Structures are given as structure tokens and as C-alpha cells.
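Quick setup: one chain, the form deposited without equilenin, written in C-alpha cells, and binding and motion questions come after.
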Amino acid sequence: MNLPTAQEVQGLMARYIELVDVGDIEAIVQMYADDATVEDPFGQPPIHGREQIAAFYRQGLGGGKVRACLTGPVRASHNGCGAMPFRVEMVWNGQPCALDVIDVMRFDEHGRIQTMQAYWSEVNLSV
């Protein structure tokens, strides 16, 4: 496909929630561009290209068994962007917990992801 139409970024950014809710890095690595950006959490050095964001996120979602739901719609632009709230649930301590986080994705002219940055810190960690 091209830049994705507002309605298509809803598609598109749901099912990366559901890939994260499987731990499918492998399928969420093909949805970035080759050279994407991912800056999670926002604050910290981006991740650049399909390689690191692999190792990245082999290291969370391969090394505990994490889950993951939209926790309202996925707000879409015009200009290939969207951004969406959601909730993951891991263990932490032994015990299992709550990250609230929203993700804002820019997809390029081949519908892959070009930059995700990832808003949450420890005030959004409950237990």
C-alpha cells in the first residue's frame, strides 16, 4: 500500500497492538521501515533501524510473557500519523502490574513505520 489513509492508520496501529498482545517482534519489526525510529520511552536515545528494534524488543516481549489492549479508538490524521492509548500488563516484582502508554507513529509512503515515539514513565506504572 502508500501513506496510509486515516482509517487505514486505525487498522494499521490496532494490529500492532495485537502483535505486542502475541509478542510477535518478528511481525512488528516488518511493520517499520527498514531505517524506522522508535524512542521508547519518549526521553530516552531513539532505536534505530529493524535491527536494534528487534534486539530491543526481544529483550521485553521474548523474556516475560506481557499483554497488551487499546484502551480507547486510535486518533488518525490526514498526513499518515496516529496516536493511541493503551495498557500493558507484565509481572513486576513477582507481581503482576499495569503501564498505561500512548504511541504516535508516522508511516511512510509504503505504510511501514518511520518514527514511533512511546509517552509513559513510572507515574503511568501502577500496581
Contents of the next structure:
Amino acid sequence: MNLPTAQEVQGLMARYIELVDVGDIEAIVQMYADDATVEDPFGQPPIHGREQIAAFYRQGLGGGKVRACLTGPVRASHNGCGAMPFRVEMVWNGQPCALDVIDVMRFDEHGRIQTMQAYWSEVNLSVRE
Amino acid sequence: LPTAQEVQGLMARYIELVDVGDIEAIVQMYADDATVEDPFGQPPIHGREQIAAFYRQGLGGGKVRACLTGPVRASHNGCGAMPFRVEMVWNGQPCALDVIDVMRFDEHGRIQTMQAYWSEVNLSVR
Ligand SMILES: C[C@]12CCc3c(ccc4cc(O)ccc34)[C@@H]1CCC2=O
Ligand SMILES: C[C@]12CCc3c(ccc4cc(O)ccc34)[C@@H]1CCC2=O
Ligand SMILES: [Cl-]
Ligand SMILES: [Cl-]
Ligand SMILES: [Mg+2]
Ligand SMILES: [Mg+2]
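Requested next: the structure of the form solved in complex with equilenin (the form deposited without equilenin having been shown above).
And the full complex, kicking off with our chain again.
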């Protein structure tokens, strides 16, 4: 594909969250441009290129015990970009938890993720109480 | 720069204000030389009077409601992003729209940039 249409951005970003959910790291990494960046969290130093991005998703996911679901619609532009609200479910201090996240993404004119920026800090982590 | 908890406060305070239609307090939350993109894909709007003409335009009828539809996500470098829904009338059709703003706050606590993510794919007749 060409540069994704708004409909195309909605479908690309929804598939990305299933991959994170199902932990299919190599498929995640194919969605990214070869020279992509990941800023996650946003505010931390960017991670360049597919080798560094695969290891990061291996770090983050490879241990298992992480479900990610959208909590609302993907918001898609007309310049290849979209934003999405989701929740991650995993393990913190041996007890389930949850991190509410928004990822923005900019795609390419080949339809691959050129950037990504994941918003969140500890204010968005919550636990049973 | 403002804290992650404080960003959850400035951004929520900004939807409060959209929701009741106070354009002058919305404009005061901004910086000098702020920019607005909105929608992200269109050139930026910059100037303080222009940023007012923009809120006057969208909002002015008194008939646009804004509410959050999830929590504000905030970073530790003075930035946040938020999901919300706008309801408005559009030439007699009752509609809705789904939106994500991303905002960065200067050290003075004012918006330095705002980028609003949405499209016509984010429109629904209610
Ligand atoms: C890595 C992680 C699980 C997945 C995840 C997190 C944060 C942001 C994310 C953004 C994504 O686009 C996909 C997955 C995550 C969590 C932070 C701590 C944790 O367990
Ligand atoms: C401008 C608008 C009402 C308000 C609004 C819209 C879109 C994005 C927004 C982002 C905001 O932070 C505050 C308000 C809006 C609508 C698009 C069409 C319309 O009538
Ligand atoms: Cl939402
Ligand atoms: Cl949400
Ligand atoms: Mg799944
Ligand atoms: Mg390229």
C-alpha cells in the first residue's frame, strides 16, 4: 500500500494491538519501517531501527502475561497518522494490573510505521484495591 | 515543566471549559507563539486572535458538549494525550465525533502545542 487512507490507518492500528495482545513480536516488528523510531514512554530516549525495536518488544512482551485491548476508536487523519486509546493488562508485584495508554503513529508511503510515540506514565497504572 | 498529575489537571480543565463554551478562558490557557493543529494534517493556526477565531467559530453557537471518554495519559516531560467525544449539530443532523488531542505544556503551564487527531471517519450520526 500506498500511504494509508484514514480507513487504512484505522485497520493498521487495530491490527497492531491484536499482535501485541496475541505477543507476536516478529509480526509487530514487520509492521514497522526498517528505520522506524519508538518513543515508549514518551519522554524516554527513542529506540531506532528494526533490531532495536524487536528487542524492545521482546523485553516488554517476551515474558508473556501481557493482553492489550482498545478502549475506544482509532482516530485517523489525512496525512497518514492515527491515535488510539488502549489498556494493557499484565503483572505488577505478582497481581494483575493495568496501564491505560495512547499511541500515536505516523506511517509511510509504503504503509509501514515510521514513528510511534506511546503516552503514559505511573498515573495510568492501576491495581485492585 | 508541569508534573504528570498536573497534566492530568490542565488537560481535564481544558475539556471542562470546551464543554461549557468559554472561549476567552480556553484562549488564556495557551502560550505565546502556541500552535494549534487541528485537525492534524491541516497547517497550524498561530496567533493569539486567530487561536480565538478558531474556538469562535467552533464553538460560539453555545451548542457544542465535550466530554472525556477515558483518562488523560501524561508523560513526565509536560505532555499528555486524551480521548474525548464532541457532540454537535451539523446542519440539522445530531452528530458525534471522536477525538484525541495531544498537548505539550511550557514551564509556565500554558499550551504550547495542541494536535487534534480526527476525521471524517470519526463522525457518527447519533
Ligand atoms: C511493557 C508493558 C506491557 C505492554 C505495553 C506497555 C506500555 C506501553 C505499550 C505500548 C504498546 O504499543 C504496546 C504495549 C505496551 C507496558 C509497560 C509495562 C508492561 O508490562
Ligand atoms: C469544531 C467542532 C466542534 C469542536 C471540536 C471539533 C473537533 C476537534 C476538537 C478538539 C478540541 O480540543 C475541541 C473542540 C473540537 C469539531 C469538528 C467540527 C465541529 O463542529
Ligand atoms: Cl474513546
Ligand atoms: Cl481510554
Ligand atoms: Mg486478541
Ligand atoms: Mg523508508
